[PDB]
Structure formats: C-alpha cells, structure tokens
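All protein chains but one are shown in place.
Lettered A and B in written order, each chain numbered from 1.
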Amino acid sequence: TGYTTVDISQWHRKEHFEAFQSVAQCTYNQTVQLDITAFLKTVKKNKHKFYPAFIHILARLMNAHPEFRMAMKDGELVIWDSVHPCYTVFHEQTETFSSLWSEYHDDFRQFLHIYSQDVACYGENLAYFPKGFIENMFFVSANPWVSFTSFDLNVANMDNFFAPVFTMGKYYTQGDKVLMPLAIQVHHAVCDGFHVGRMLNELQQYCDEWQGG
Amino acid sequence: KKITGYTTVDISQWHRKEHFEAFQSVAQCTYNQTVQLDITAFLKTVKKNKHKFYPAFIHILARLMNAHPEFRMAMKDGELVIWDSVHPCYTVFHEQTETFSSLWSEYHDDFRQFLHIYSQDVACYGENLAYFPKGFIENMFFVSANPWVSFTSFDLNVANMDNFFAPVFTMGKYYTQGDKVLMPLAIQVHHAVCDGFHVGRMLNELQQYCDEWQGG
Partner (left out) sequence: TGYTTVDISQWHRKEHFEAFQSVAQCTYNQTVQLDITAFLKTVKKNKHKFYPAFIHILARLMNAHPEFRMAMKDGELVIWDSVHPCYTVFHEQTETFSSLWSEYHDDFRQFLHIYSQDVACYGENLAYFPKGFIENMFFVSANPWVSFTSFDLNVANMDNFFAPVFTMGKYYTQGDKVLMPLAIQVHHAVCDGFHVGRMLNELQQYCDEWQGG
C-alpha cells in the first residue's frame, strides 16, 4: 500500500476541502440508468461473467482519476497508488451476504483470474469479511432484485469516509436498449459533480467500446 | 385495547449476527430506494370494486410488513425484538390549513376488516389538526402520501438513526407510460435489520400482490 500526499495549501480545492471537511460536510448519491446494450453483448460474446466484468470497468475508472482514491492517513490527505474493489457476494442458504476484495490490474483477463480465484476460495465462507479488509478499497454492491430508479445510502458517520460506493441494480429492456440502474455515493470533500460526471461519461463510453479482453 | 406481543431475538443464533453488530455501530447506515411500481392491474381492480386507493394500498404494504420479521424489529427495554404484528401509520392531509397528520390503524389480514377500521379512524380523526391525533404506538411502520409528484426519487435522511428500524414507504403520483400505469414508490430501511435481499424480495412481492389482488 503506497500513497502520496496532497499538498492542500497549493490545491485549487483547498477551500472546498476545508468546507466539506467541517461544516458543510456531506456525501451525495446519484443514480443513472446506464445503457449496457453493447456491454452486455461483449460479455455474452466472450462468455464473461457480468459482475466481475462490470466491477472491472468500475475499478479501472477508480484507478484512472485520483479523486476516487483519497483517504486520511495519520492526519494527512493522501492518495492511494491503487484501489482494489470490494464487492458483495450473496449466500442463498442463509440468505446473507459477504464483502470480498480482489487485487486490481489494468488487464481484465488478469483481474478476472484473481476474481474467480477469490470467489472460489471464499464464496462459501459466511464471515461478513472472509478475507479481511484493506485501507484502499472502493465498494460495489449488487442489488439484482430491483430495477430502481434511485438507490441512496445514508451513512451515520461520514468523517473521512472517502471510499466511493457503487450499487448496481437489475437491468431491464427498454425498446432496443438494455439499461442498468447504477448509483454512486461519494463524499463531497474529495469529489465534485465534475468528477462523478467525468467518471460516469467515461463509464458509458468504456462500456460501449470495450471489446472483451 | 390491543397490547401486542413479541419475541426476543436470540442474537447468538442469528445468521446475521455479524451484520447486525456492524450496522449498529460503525457501518451504521440507513438506505433508500425508489421503484416505479406498475399498478395497472391493481388500479383496474380498485376502480371496479369501489375502493379508496390509499387504504387498499396501505393494506397491501401492511400484509408485507406482517409476512417478514425483518420489518418488525425494535429495541425494546434494551433488546432486539420481533413484534407479532405491526400497524400502519399513514399520512392524512388537511386542505384548509395545508398541514398534515399521521394516523395509525390496527392491521388485519382481511381487507374488509381493515377497511372498516381505517374508515372509522379517518372519520373520527381526519380533521383533527394534532400531528398524531391518536398518539403513537410502539410498533408501527410508516406510509407517506406524496400525491403531487411523479418522483423518480424520493428519500429520507433521518438524523438520528439508532434503532430506527421501522420501515418508511413514500408513495408518489401515478401516471401513464404507454399501456401501463406506474406509481413511484420509495422505501427506507435501516441496514442493521434489512439487507438488499429483504427489501428486494419485499418489492418483488409487492408487484405480485398488486397484480393478483382480487379486491377483498
């Protein structure tokens, strides 16, 4: 876990971070209906599992702009060199769930081998965290039941909670498209509308143009 | 008067025991989600028998809270408990003052029994401007009428969430989409007692209850 440090005093967000860090503190959530038609044909074509393919493109995005990798570390604003995805896994028998993370790598195929290995070893372990947590994770939850038009998280304690949370809903047909509900909660000290915005646009674009692989 | 009973939850035997303690302490969150419920069949039924929509719908919601224990937790005298029943507390709008009140009606399995109660309640209290014109009891779940708008989101950020385990639903304005009529419907739940699967199953089962409802 390497990191580097933000120089708040030279930062064009100095004022925003100080305000969202003490008085105007807030988190905010956004839901979008993603067009997954092309993503889903690629995944089907490649016989990829959907969930890891999708955790993957989300992870690449968190590993493409530093505003999604902040943390407070021993009192300084820091940026992890990487963040690793931490996604939920459902247990049918007990009707409960676990959160597992898998080491991130640009190459989807290399992350896919890590991912299916972790699920193979840990998918039946009923701890809330079969393999512990690490400091530098982002969260992905599947909510496959509901085609929500809104999903929003209200965390009792948001101090330094900078790790982005995504919630993917249940996709559905609309005319020619397959659409999928996607929400992303982020903390306002470390992310503006622009950032979540650029992210979401890059997501829609990557989803359309990734060719499996 | 009815006092209801309850059963203490044996936490050390609970599959969710680890979740429970995380969501009571550190991961403590609440969350909201909104769906556009398709109420085409439901609506047709209501129109045709001659029901008020609002209590038909409350009655559906209350049958789901009273079919799954995950929706009827509280902390009572320092302990997680499941109530044997929960009763709906719904809102009622007063035109002349533009305020609202929160009323509760005793639940029952039979729509007719339920309707007769709701009606008595809305006749004796519909006009009372108190906030809780019949006080409040220890086991209710909430339903908000929000008929002004066809929202694509609705959601409650309660400031004080500690043991606030009682589900809150919010009903928006139904509206046309091609063939269908759809109603915005929103639920907040507390993560300590309800995971995604429970809300998701609940909503899936709502869509069914709406569709298969015979009207009594």
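Please note the rule applied: contacts are C-beta pairs under 8 Å (C-beta built on N, C-alpha and C of every residue); 3 or more make two chains touch, one makes a residue touch a chain.
Undergrad: Can you tell me which of B:14, B:53 or B:100 touches the chain that was removed from the display?
TA: Residue touching the chain left out of view: B:100.
Undergrad: So that we can see where the missing chain sits, which residues of chain A does it touch?
TA: Here the touching residues of chain A are 12-13, 15-16, 19, 23-33, 149-155, 158, 181, 183, 192-198, 200-201.
Undergrad: Touching residues of chain B against the unshown chain: what are they?
TA: 32, 34, 91, 93, 97-100, 129-131, 144-160
As a convention for this text, only the chains that are shown with their structure count from here on.
Undergrad: Provide the C-alpha centroid distance between chain A and chain B, rounded to the nearest whole angstrom.
TA: The computed centroid separation for chain A versus chain B comes out at 31 Å.
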